[PDB]
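A lone chain, given as structure tokens: the form deposited in one PDB entry.
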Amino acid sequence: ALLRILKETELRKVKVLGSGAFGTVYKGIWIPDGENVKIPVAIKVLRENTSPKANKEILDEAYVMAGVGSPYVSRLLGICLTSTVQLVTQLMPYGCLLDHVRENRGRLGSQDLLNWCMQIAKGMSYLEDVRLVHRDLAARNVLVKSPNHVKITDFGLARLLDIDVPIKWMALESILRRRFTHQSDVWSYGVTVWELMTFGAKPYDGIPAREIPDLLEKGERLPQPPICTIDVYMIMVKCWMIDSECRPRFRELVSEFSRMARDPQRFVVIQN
């Protein structure tokens, strides 16, 4: 129910990690009052130019995930309120999963890749339990706590303006009508799995975004990754069905990748 407010004196910014349309993320340290501890944190400072109604949707989305949560989705530790709005969370020291897979292409195993697929599916199952549509699931928006533990973050939203999109991850209905559901998140999950299994290849590389809807209706899809057996590719293909009702549920995806994770060398073919 309650919300933990952290004073400015409890927090210290060290380095800039990244940014987007809504805010700037810093690496930092949290020292809670009346405790002899240091906690490494990420601190997201929201931009001052944006209106009150625009920043409202970011905060309200965090407050839905109030109770126990999931270990595979980012957890808000608290907020700090100066002239700026500062959102505080546990630091994920290996950064985003897209950068991680590209760097470690030489030494990653079949067990590691399929474990990540299962963990992302478990995290998305929790977001469906609390009725939270992500709108922007991609390898860039999954963080790495360690090589055997990943967390979903960077929850998507349209910027509300007074006046004064990731097309290659989106379901067909989302491109043409701007309809976002739990079943459109499943499409984006399929593309995320394709990124991991290609060691961070760019989807539809060379094809302009305007051409994507016509190609999808014709039946063209992203190619089978070189390391994947057909059994793995079949799950990706089910995620990209035009009929949203025929796509698998996130709980069924947890079941499938858990089974494949119990015999990873059968399903994914690494050189080593």
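Positions refer to the first chain, counted from 1. C-alpha atoms forming the largest set that superposes within 1.5 Å between two forms make up the rigid core. First, how it differs from the form deposited in another entry.
- Of the residues checked (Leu222, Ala42, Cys228, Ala62), the rigid-core alignment between these two forms shows a Cα shift of at least 2 Å for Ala62 alone.
- Superposed on the core, the two forms barely differ at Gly200: its CA moves less than 2 Å between these two forms.
- The rigid-core alignment places the CA of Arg210 less than 2 Å apart between these two forms.
- With the core held fixed between these two forms, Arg159 has its Cα displaced by at least 2 Å.
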Given for the second form:
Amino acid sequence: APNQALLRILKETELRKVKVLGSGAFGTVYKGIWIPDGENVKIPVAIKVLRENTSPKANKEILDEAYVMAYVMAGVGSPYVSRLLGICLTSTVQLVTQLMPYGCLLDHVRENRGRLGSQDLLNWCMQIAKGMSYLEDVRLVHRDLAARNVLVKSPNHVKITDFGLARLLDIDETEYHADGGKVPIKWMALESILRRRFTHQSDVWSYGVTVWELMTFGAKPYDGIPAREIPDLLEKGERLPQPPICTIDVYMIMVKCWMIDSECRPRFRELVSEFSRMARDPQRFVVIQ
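In place of the form deposited in one PDB entry, output the structure of the form deposited in another entry.
Nothing else is written out below except the one chain.
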């Protein structure tokens, strides 16, 4: 039985990096193997190495938040939210989770543009809503929900990751990198763009964009529109168009997620109930070819 207030430290000799999976502003993700000493098991893992030349103020903010969430979620997790297995300390901080062998949901839907099932798409919408409802219940705001930050364990099972990560990068005149990366304007609630306000209700907006990504098999939201134009087009009432495979019932939920009045957006518990109803009767709600 793991002790919820303790941290599991993995020795560097118990971990092997096999492949670079990708990277972002704050670290590099590797596919790896965890072989716990004194056992006869091997665990496929993902290893996120925090960037060495990031400002120490920034890396403390990121790791402190990771710890806070890890201890909040130790008591009881969610099947639909990634779980920290342990950390490896070398010259670098290496955060270790179970490998999700079908990778990023964005890549999964783009690779399978043709052959994905209506019931699977709706089930993933439900599971993402369940993961987000868990984060809201333990008082954690995601701040960067997107199809790139949902992982595929199997066609039966997705998990949210990279929650409570996104933040302004502290920078210096001469030392460290100054690559804060691009602001994900095209996923953000208007109040997040205008006022840097991030709440459970701005997560609901991003959830709407994530569902749109899934239902379009990974189309790029507002493709070809300069970021500077986004807040004005949102205030004028322009929105992402209805995905061809969707009924109006599904699109009405997406549009409610993008209400300027955050209090008019759905609650994650309502999104769980709506997508559970639709996943049960998929032929009523989504039609592929």
